[PDB]
Structure formats: C-alpha cells, structure tokens
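Next up is one chain by itself, shown in structure tokens, the form solved without the ligand.
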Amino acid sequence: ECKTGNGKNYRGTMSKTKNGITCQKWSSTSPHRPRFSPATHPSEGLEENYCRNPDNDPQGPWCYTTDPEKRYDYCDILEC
C-alpha cells in the first residue's frame, strides 16, 4: 500500500479518509448512494470500504464517506 500517480492502480487497504473518518462500503447505499460500485465498474477494485479512484480523479484516492454530511473525500495514501 503505497501510491504513485493519481493512485489509479491502487489496490491498497486504507479505509478512512484524510480526516480519519471511515469510508462507506462502495456496495452499500447509505448514508450515501455511490455513483460507482462493484456491479457497474468491476475492473475498479470497489471492494470493502477502501480508497479507490474509479474515475481517474487528479487528486488521487478517495472513497464515499460515512459522515452523512460529507459525501466523498480523499485518502492519505503513502507516497510511492
């Protein structure tokens, strides 16, 4: 678990955002409804509640949040 680039191929194990709030399972639909999931983007690594980049976001790995008022947010992934 290290990152390189926008973290596109990142198949790491981090499950909390940069502010230490824990990620929402990408399969789950609360508190937020994900626009990306394992059923639609099977090649994207949407397993558990880990930090991915299904959309080649320039800011790197993010995940759906568990704080009902925070939709998504980035992950502090060690630099590779």
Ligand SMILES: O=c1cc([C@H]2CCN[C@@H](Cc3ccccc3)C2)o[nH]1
The other form holds:
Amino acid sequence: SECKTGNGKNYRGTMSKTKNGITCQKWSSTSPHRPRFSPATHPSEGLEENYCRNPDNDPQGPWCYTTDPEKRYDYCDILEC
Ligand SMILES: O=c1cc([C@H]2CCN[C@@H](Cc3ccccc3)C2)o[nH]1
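Just the form solved without the ligand so far, so send over the form solved in complex with the ligand.
The next block holds the full complex; its first chain is the one shown before.
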C-alpha cells in the first residue's frame, strides 16, 4: 500500500524521499552511510531499492538512510491509511 498504519512497521509503499525531499540511499549501498539494517541481514523488512521503511520499530515511523553524507537518516512523509 502507499499508505501506513501506526508506526508503519509493516509499510511496503514506494516513498523514496525524506520529508526534506532528499533522495533516500539504497538499503543495498554503503555510501555515504553504512547501514545497520540492510537486505542481507533483514530479508523480511522489505529493504528494497531506496524505499522508506521502519526495520527498527521507530515510533516516529518509516525512514531511510539519506544520500546527504551529513544526514545519516531521516523520516519520510507517508500518507496515513
Ligand atoms: O543505523 C541507524 C539507524 C538510525 C536511526 C533510524 C531511525 N530510528 C532511530 C531510532 C533512534 C533515535 C534516537 C536515538 C536512538 C535511536 C535510529 O541510526 N542509525
């Protein structure tokens, strides 16, 4: 769905920009940021492409590692189901 419920722990939409409009980094890349959550280690968390996800159950909801090297992560703006 292209919307989330609660903290979006199970969100599987395609939002790929942070709330500031910055392109998310691919969960499969290690640059500029080396992830703690990536597909190999977390194959059930939907860490596909550069989509915003919540593999760590952040109460603030889905987020992504960002392409900005001075911003490791940030939240995304996701529609509420
Ligand atoms: O690899 C990573 C992922 C993160 C963020 C991801 C969003 N949830 C944050 C949860 C959080 C916020 C503040 C303090 C502790 C944990 C941790 O930081 N490094």
